[PDB]
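Colleague: Each chain, written out:
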Amino acid sequence: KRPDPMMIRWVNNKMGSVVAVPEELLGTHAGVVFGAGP
Amino acid sequence: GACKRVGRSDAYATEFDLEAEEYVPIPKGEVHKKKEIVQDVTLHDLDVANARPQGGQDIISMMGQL
Amino acid sequence: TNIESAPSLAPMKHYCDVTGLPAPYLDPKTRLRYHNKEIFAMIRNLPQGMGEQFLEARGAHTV
Amino acid sequence: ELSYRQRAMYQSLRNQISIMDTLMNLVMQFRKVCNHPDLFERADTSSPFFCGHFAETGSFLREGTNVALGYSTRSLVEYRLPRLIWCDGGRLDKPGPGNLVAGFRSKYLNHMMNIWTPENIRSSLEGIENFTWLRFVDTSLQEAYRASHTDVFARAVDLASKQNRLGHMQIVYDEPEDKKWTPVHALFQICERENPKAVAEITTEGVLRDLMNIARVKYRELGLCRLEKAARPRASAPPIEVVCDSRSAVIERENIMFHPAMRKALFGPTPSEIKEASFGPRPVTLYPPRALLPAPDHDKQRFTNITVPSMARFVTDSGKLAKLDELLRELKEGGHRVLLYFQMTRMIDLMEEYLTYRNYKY
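For the record, the sequence lines run as chains H, B, I and G.
Heads up, the first sequence is in the authors' numbering, so the first residue is 441 and it goes up one at a time.
Heads up, the second sequence is in the authors' numbering, so the first residue is 199 and it goes up one at a time.
Heads up, the third sequence is in the authors' numbering, so the first residue is 155 and it goes up one at a time.
Residue numbering for the fourth sequence is 1221 to 1241, 1256 to 1596, as defined by the authors' numbering.
Chain H with its partners taken away, still in its complex shape:
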């Protein structure tokens, strides 16, 4: 299943944590924090 266009996902475990960003939000303002703005 392809992930939701606008739910950014945080996951934390023994390895620490990560944030994963939908391909639809890269190139939006919400991508700017991740180095992937417009």
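Don't take each hint at face value.
To be verified - Below, in silico cross-link-like pairs of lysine to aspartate or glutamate (DMTMM-like), each with a Cα-Cα straight-line distance of 25 angstroms or less:
no., chain 1, residue 1, chain 2, residue 2
1, G, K1341, B, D245
2, G, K1341, B, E234
3, B, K202, G, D1479
4, G, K1341, B, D243
5, B, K232, G, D1322
6, G, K1396, G, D1385
7, I, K167, B, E217
8, H, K441, H, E464
9, B, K202, B, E220
10, I, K167, B, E219
11, G, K1509, H, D444
12, I, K183, I, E206
13, I, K183, B, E217
14, G, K1341, G, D1385
15, G, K1498, G, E1510
16, B, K226, G, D1322
17, I, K167, I, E192
18, B, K231, B, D208
19, G, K1431, G, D1412
20, I, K191, B, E213
21, G, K1595, G, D1559
22, G, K1452, G, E1435
23, I, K191, B, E217
24, I, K183, B, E213
25, B, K231, G, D1327
26, G, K1509, H, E464
27, B, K202, G, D1322
28, G, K1396, B, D256
29, G, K1341, G, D1327
30, B, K231, G, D1322
31, G, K1498, B, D256
Stated by the list, open to error - Over 10 angstroms on every C-beta distance to chain B, these chain I residues come out as not near it, computed from the model:
no., residue
32, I157
33, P161
34, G174
35, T184
36, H189
37, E192
38, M204
39, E206
40, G213
These aren't lab readings, by the way, just hints derived from the structure by calculation.
No residue lacks a Cβ here, since even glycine has one placed at the ideal position from N, Cα and C.
Please build the complex by placing chains B, I and G on the supplied structure of chain H, with the hints as guidance.
Modeller: For chains B, I and G alone, coordinates are given in the frame of chain H:
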């Protein structure tokens, strides 16, 4: 800057056979009128208007109480 | 050019097909427009062919 | 013995023994209620008496699978007013023909001769003049003007957008070198710049943080947010309405009683607005920007007086069923699955509902 919808013009009264609408004749005088009205207020009216939002400025007044 | 007019976009007023007076009502059975109950009474007991003549006076027809 | 629900109905119907005879018909319904009161009257989701008009559905068979649910609810109390009063200038604030005062008076009392308009304020902004302080209150002439013309609800919506930046300064500009710095245009907001509430939220030992939440914690710890409601209003009604035979009244009813801006503020941003804001190339501040409707204090009853019958209530509503529940749990631990025989066939259905609640097996 005051304006009012007087109604719907009765030239459209048969736009439908029933609508929830109020149909009024076209105005039959001049479209423009100029008249001079000597308005009176009082210093208390200025108090009240400046003390609090009045009329349609304060709709939440419909709650009463506070 | 001999091609020279078009229909109005305004809504037309409604007149009684019998007496020409204004008509609030359209009869769903015969589709004649009528002024009042007195004219509705004559419309619903017209001689059988007459209904199409009141329509035809305004160029309307059943077919 | 009988549960109080059984006991009440049984007593009311056995009282008919004094009135009539029919004895067989009565003693049949004795046996009914003494088995379970839901055989006699089913407990079902219920609400206060509605003292109002609504549109009834006249037929189910004619209704079809797609139906439009209009909000039909209206008051039976019904205030007939002529349009001469309600629309044609008997309301003094409503400008139009006839009401020639209202249009002048609105402009002059709210703008021209109104002290809060920026041009008037700007003439009073120095020395001993009445707006001298406005340099040191953090509002601009525009915000002061707005706050003097908008009502308490609209002003509270505007507060929802703002950042308590003076509270953050209390965390940062601490030290003697910081001189407890404050922006000079906020100089008079002393109690915002110096307030324990900000510090108590940042310290890791939450001692004063907890001391400030005592009331809300214990309220919740007492379970009062979850305990069943012990009362509700016996009647409920919608607001009384003006009834006026004009279209302006119908528009103005919708503008006030179903006020779009208040409703939008309470219920928050619309889903397409959330989509536009999240997919936009640059950030945009939504309105309002959040749902300003509070959380309900009762975490289960929320904002309505509708009750749903509990299965625990159903169990205890029959004295036999309440007594049988202990016996069936004993019999379960005795190794027996449920096996019972009934004089009334409909009681088997209630036991199937009971067993599908309990998840015990036949």
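Colleague: Assess, step by step, whether the Cα of B/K231 is no farther than 25 angstroms from the Cα of G/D1322, and give holds or violated.
Modeller: 19 angstroms, holds
Colleague: Does G/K1595 pair with G/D1559 here, judged by a C-alpha cut-off of 25 angstroms?
Modeller: This hinted pair holds, its Cα atoms lying about 14 angstroms apart.
Colleague: Would the pair G/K1396 and B/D256 pass a check requiring their Cα atoms to be no farther apart than 25 angstroms?
Modeller: 22 angstroms, holds
Colleague: Holds or violated: are the alpha carbons of I/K183 and B/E217 at most 25 angstroms from each other?
Modeller: At roughly 22 angstroms apart (the allowed maximum being 25 angstroms), B/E217 and I/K183 satisfy the hint.
Colleague: Does I/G174 sit more than 10 angstroms from chain B, CB to CB?
Modeller: Fine: 16 angstroms to the nearest Cβ keeps I/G174 off the interface.
Colleague: Minimum C-beta separation from I/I157 to chain B exceeding 10 angstroms: can you confirm that?
Modeller: For I/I157, whose nearest Cβ neighbour in chain B is about 28 angstroms away, the distance exceeds 10 angstroms, so it holds.
Colleague: Regarding the pair G/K1509 and H/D444, is the alpha-carbon distance no greater than 25 angstroms?
Modeller: 12 angstroms, holds
Colleague: Under the criterion that the straight-line Cα-Cα distance not exceed 25 angstroms, is the pair I/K167, B/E219 satisfied?
Modeller: 17 angstroms, holds
Colleague: If you draw a straight line from the CA of G/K1341 to the CA of B/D243, is it 25 angstroms or shorter?
Modeller: 13 angstroms, holds
Colleague: CA of B/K202 to CA of G/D1479, is that 25 angstroms or under?
Modeller: Roughly 17 angstroms between the alpha carbons, so the hint for B/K202 and G/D1479 holds.
Colleague: Between B/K202 and B/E220, is the straight-line Cα distance small enough, at 25 angstroms or below?
Modeller: 14 angstroms, holds
Colleague: Quick one: work out the minimum CB distance from I/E206 to chain B and report holds if it exceeds 10 angstroms, violated otherwise.
Modeller: Its Cβ never comes within 10 angstroms of chain B, the nearest being 23 angstroms, so this holds.
Every hint from the earlier list agrees with this structure, and none is contradicted.
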